[PDB]
Amino acid sequence: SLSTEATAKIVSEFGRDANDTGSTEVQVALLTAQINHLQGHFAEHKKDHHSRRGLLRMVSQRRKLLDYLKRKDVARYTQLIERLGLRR
Amino acid sequence: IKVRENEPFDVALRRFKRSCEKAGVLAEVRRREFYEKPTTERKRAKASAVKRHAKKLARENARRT
Amino acid sequence: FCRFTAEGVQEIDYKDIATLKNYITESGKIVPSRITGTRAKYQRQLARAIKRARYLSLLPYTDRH
Amino acid sequence: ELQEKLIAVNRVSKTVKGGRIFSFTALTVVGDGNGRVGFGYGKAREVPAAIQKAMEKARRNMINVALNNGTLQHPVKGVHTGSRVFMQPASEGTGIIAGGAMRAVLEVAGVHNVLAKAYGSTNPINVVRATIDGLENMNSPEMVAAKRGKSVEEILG
Amino acid sequence: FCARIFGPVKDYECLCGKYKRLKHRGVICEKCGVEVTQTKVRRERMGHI
Amino acid sequence: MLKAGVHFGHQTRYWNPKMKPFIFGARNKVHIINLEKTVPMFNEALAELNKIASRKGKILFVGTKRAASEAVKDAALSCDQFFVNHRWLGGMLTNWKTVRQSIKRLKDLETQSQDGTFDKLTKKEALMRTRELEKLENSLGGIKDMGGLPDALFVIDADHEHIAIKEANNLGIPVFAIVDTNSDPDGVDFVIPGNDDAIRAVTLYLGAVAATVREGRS
Amino acid sequence: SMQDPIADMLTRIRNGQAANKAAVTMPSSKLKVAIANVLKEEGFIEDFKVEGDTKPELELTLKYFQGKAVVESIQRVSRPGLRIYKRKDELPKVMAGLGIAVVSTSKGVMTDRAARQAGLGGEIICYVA
RNA sequence: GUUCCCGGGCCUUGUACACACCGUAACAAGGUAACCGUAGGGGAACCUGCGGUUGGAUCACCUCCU
RNA sequence: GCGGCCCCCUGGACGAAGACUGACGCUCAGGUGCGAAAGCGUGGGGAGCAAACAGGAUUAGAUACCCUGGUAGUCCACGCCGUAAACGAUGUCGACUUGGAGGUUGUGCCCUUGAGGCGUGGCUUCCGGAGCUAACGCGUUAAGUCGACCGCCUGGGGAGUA
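Chains as they are written, first to last, in the UniProt record's numbering: chain U, 2 to 89; chain F, 4 to 68; chain A, 10 to 74; chain D, 10 to 166; chain V, 57 to 105; chain C, 9 to 226; chain S, 2 to 130.
Simulated from the structure, these hints should not be mistaken for laboratory data. Please note: incorrect hints may appear among the correct ones.
[What the hints assert, rightly or not] BS3-like mimics (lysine-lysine), calculated; alpha carbons at most 27 Å apart, straight line:
(1) V/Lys76 to C/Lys115
(2) V/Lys96 to F/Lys59
(3) D/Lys159 to S/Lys22
(4) S/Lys41 to S/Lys56
(5) A/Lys38 to F/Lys20
(6) C/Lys105 to V/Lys74
(7) F/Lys25 to A/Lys24
(8) V/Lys96 to F/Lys58
(9) D/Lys52 to C/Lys174
(10) C/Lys105 to F/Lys59
(11) F/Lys46 to A/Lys30
(12) D/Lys86 to S/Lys69
(13) S/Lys69 to C/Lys174
(14) V/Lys76 to C/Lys11
(15) C/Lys66 to D/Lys66
(16) D/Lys62 to C/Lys105
(17) D/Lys159 to S/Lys41
(18) F/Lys54 to C/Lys26
(19) V/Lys87 to C/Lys105
(20) S/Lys108 to D/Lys159
(21) S/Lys69 to C/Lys59
(22) S/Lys94 to S/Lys31
(23) V/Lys96 to C/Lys37
(24) D/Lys52 to C/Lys81
(25) V/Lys96 to F/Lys25
(26) S/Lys108 to C/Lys28
(27) S/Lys108 to D/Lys86
(28) F/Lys58 to V/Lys76
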């Protein structure tokens with residue numbers, strides 16, 4: 002879900018605007034930070050056969066998101082991972 | 004369910020028992036569950052009830068007798 | 010047709026239960042969609058309220074126990 | 010004259026509540042020899058009564074189809090419920106290399122230099138009405154000249 | 057208050073309940089002649105006995 | 009003017025406008041207006057009705073359903089035309105050759121009821137010549153004796169008799185038909201859109217049609 | 002997803018005819034507009050417009066005749082999967098000439114005989130009949 | 001008077017039938033609806049339980065409210 | 001596949017009005033995950049029903065219809081088998097194509113004054129047009145018109161088995 006007062010913080014940092022959450026350097030961050038807020042879900046209970054697809058969805062959209070950023074500008078790519086830390 | 008009608012009656016009149024359920028709860032708890040079966044006869048029934056509505060729509064245009 | 014879901018816009022409450030009594034009977038049964046012309050929105054809202062009131066003994070479940 | 014021709018002939022039945030009785034069918038096509046042909050499906054309890062019934066419908070469905078003296082105009086198929094008869098105009102193709110339940114129609118229409126083969130279905134009723142469908146599906150160079158170009162040596166030259 | 061004799065109660069109406077729309081002009085109820093016309097013309101309907 | 013001030017006026021929700029194209033249509037919750045091609049295409053009717061009258065043409069006024077069933081008897085018997093206000097027989101252009109089996113029968117029945125044994129027999133058989141005669145006169149007595157085939161096939165609606173339209177396209181002759189925003193204009197050569205069949209409309213419509221046929225016969 | 006514009010364009014013309022329409026509209030590629038101009042000289046399509054800033058709304062006024070389609074047997078030839086290339090002499094004329102093949106040549110878009118006229122060969126996009 | 005009964009006829013419904021009605025398992029509602037999957041058993045077809053589907057039949061009468 | 005209520009964690013779908021990177025999109029053999037019911041190993045368990053089995057009969061016979069009992073099982077948790085009519089038998093993403101009755105969930109605009117009217121999306125049902133087909137019929141959720149990707153068939157039985 003990603004709570005709103007974590008989200009607005011992240012968007013205003015990476016982006017120039019507060020509505021600039023459509024730029025790849027921000028799209029990937031809110032996706033990663035969404036999973037970082039979802040860790041509390043897959044850490045406990047374990048059997049979420051429905052939320053399983055949700056994970057595969059947002060993370061796959063991130064694997065290809067990082068795919069084009071990789072092919073277009075390796076400077077902001079290595080900068081995305083250097084400002085948040087979503088490489089490893 | 005509970006009918007009284009004071010004392011001038013000389014009749015039962017369990018007409019509210021039928022307006023309640025009567026055979027309602029029975030239809031499901033008299034013979035085994037079968038789970039999916041009733042669903043099947045629900046589709047057939049609707050097909051013939053909605054066709055009754057199509058019937059009411061077919062008679063309005065002519066029926067010249 | 011009814012004037013409770015016309016002059017009664019936005020979620021029908023259940024503190025005072027007299028209005029749900031228009032939509033249930035004196036037996037403890039819940040009135041069906043086809044009688045009072047009331048689109049499901051209003052209908053299922055009443056549904057939530059009712060289940061809650063019966064847990065708290067405001068509304069009864071069956072007739073007698 | 011108009012040249013009558015028998016294509017299809019069979020042995021079907023009715024069967025009553027007594028024993029078994031047979032009906033007989035025929036499908037004929039007539040053609041003056043210019044492209045004006047007409048198909049007719051006749052059926053009766055006997056063949057001759059059916060072919061004359063096939064004559065009633067034949068001289069009734071006379072369709073006008075222009076041609077290029079013996080040879081056709083352009084290559085076109087013939088869809089009719091599974092039937093896909095393809096026909097090649099072939100200028101100076103030397104004769105008509107068509108086939109059974111398909112040749113005798115293009116002959117009575119005055120189209121003697123063509124090639125053809127019935128694909129898809131196999132019933133004479135269908136393959137024949139596929140070649141008939143191939144006649145109506147044709148566009149005359151003059152017709153296409155009327156549809157576009159507005160000059161024959163414009164759409165072709 | 058007959059429909060065959062008189063008729064239209066609603067604007068261009070077949071009283072039997074077959075022709076309602078105001079598209080209907082003159083067409084009767086073949087069973088009991090209701091010429092779909094003006095209920096205003098029903099202030100001009102004279103009969104006999 | 010404005011053709012009774014309602015030639016396009018009002019049309020049944022169940023008009024279901026596949027028909028929509030050529031009528032334009034201003035809608036009044038069930039619709040109402042078949043507007044356009046309705047209006048100017050009445051003059052094109054005057055056009056062909058004059059030409060096929062120069063080639064000496066007969067009209068077969070087919071107006072059924074009691075909403076034209078007497079103006080048809082009028083607009084047909086006011087000039088020369090033959091008509092069908094009564095039950096339109098499915099086969100009056102295709103089976104027409106075999107309908108004339110019966111027309112040649114009526115051609116002799118009429119003769120024998122006027123010069124034959126109309127009353128030179130048992131009064132029961134004489135009555136049989138009476139009853140039979142009038143049954144052939146109200147349903148087939150409209151076209152009665154056609155002889156030369158009808159050149160213009162008039163239809164009251166594509167809504168109701170598209171088969172009369174179907175059979176018309178077996179000859180490819182001019183099909184003249186007044187229709188409604190619930191029809192299937194598939195084969196008619198000179199369509200005349202407009203409201204439904206309506207004795208008010210049909211009196212203006214039909215009357216003006218037979219009269220314009222009278223132009224070409226001169 | 003809407004992979005080949007030219008292809009979905011031919012589809013709007015096929016059903017355009019099977020809809021009794023007189024003018025279709027579409028986001029524009031100048032190849033599409035070029036073909037319209039070529040089919041204008043031929044008499045298939047008539048009067049094309051390019052009105053539209055960032056949304057080029059190409060308008061094309063189709064054509065009937067007797068109440069019959071002028072474009073009735075049309076289809077994309079060079080498909081993204083198998084793009085067929087032709088020379089100058091192997092080049093097939095649609096219906097032996099009663100139809101034209103609109104080819105992408107070394108001089109933009111023209112017909113099959115206009116390419117023979119050009120003296121070069123190329124990509125046969127779609128047959129028009 | 002047609003509900004009882006014997007025969008005839010019209011309409012409709014159903015059939016893997018038309019060669020045309022050791023145990024009946026399917027096809028009429030086969031008088032216990034059919035079929036697939038899972039486990040076990042029985043001389044043998046298949047049976048029992050569970051989930052699903054329509055490649056299924058009639059929705060005809062007897063009693064109560066305007 | 002799943003119907004009482006609620007608490008904790010949380011997923012998918014959708015809509016009004018704007019801001020953006022600027023095709024970051026789709027499918028895909030080997031692979032992985034979910035995978036009704038059932039069987040088995042293990043710890044709890046048993047009201048109702050019910051394989052094997054005993055008994056009384058319809059019967060020429062009953063290990064079958066029915067009934068009185070009754071074990072595995074039915075239930076909860078951890079794994080294996082990884083199977084199906086897992087079938088509106090309709091693979092998945094995108095684009096295109098006259099309407100009515102509904103059902104169901106939101107919003108915008110107007111006197112929501114009142115049980116409404118005119119649009120915009122998702123899912124689904126019936127009647128139909130363009131179209132396809134052997135027919136039945138599906139029909140904006142298509143069996144219609146295309147692009148893309150994978151799998152499958154070449155008569156059945158043998159056998160979806162060793």
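Taking the hints in turn, this is what the structure says about them:
no.: 1; hint: V/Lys76 to C/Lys115; verdict: violated, 44 Å
no.: 2; hint: V/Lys96 to F/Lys59; verdict: violated, 32 Å
no.: 3; hint: D/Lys159 to S/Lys22; verdict: holds, 23 Å
no.: 4; hint: S/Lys41 to S/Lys56; verdict: holds, 23 Å
no.: 5; hint: A/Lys38 to F/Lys20; verdict: holds, 12 Å
no.: 6; hint: C/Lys105 to V/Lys74; verdict: violated, 37 Å
no.: 7; hint: F/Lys25 to A/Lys24; verdict: violated, 32 Å
no.: 8; hint: V/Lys96 to F/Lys58; verdict: violated, 35 Å
no.: 9; hint: D/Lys52 to C/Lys174; verdict: holds, 23 Å
no.: 10; hint: C/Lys105 to F/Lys59; verdict: violated, 40 Å
no.: 11; hint: F/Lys46 to A/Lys30; verdict: violated, 33 Å
no.: 12; hint: D/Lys86 to S/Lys69; verdict: holds, 18 Å
no.: 13; hint: S/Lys69 to C/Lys174; verdict: holds, 19 Å
no.: 14; hint: V/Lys76 to C/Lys11; verdict: holds, 23 Å
no.: 15; hint: C/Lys66 to D/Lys66; verdict: holds, 26 Å
no.: 16; hint: D/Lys62 to C/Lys105; verdict: holds, 15 Å
no.: 17; hint: D/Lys159 to S/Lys41; verdict: holds, 12 Å
no.: 18; hint: F/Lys54 to C/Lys26; verdict: holds, 25 Å
no.: 19; hint: V/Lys87 to C/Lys105; verdict: violated, 34 Å
no.: 20; hint: S/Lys108 to D/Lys159; verdict: holds, 25 Å
no.: 21; hint: S/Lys69 to C/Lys59; verdict: holds, 25 Å
no.: 22; hint: S/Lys94 to S/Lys31; verdict: holds, 25 Å
no.: 23; hint: V/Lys96 to C/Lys37; verdict: holds, 24 Å
no.: 24; hint: D/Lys52 to C/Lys81; verdict: violated, 40 Å
no.: 25; hint: V/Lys96 to F/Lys25; verdict: violated, 55 Å
no.: 26; hint: S/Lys108 to C/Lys28; verdict: violated, 45 Å
no.: 27; hint: S/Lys108 to D/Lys86; verdict: violated, 34 Å
no.: 28; hint: F/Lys58 to V/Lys76; verdict: holds, 20 Å
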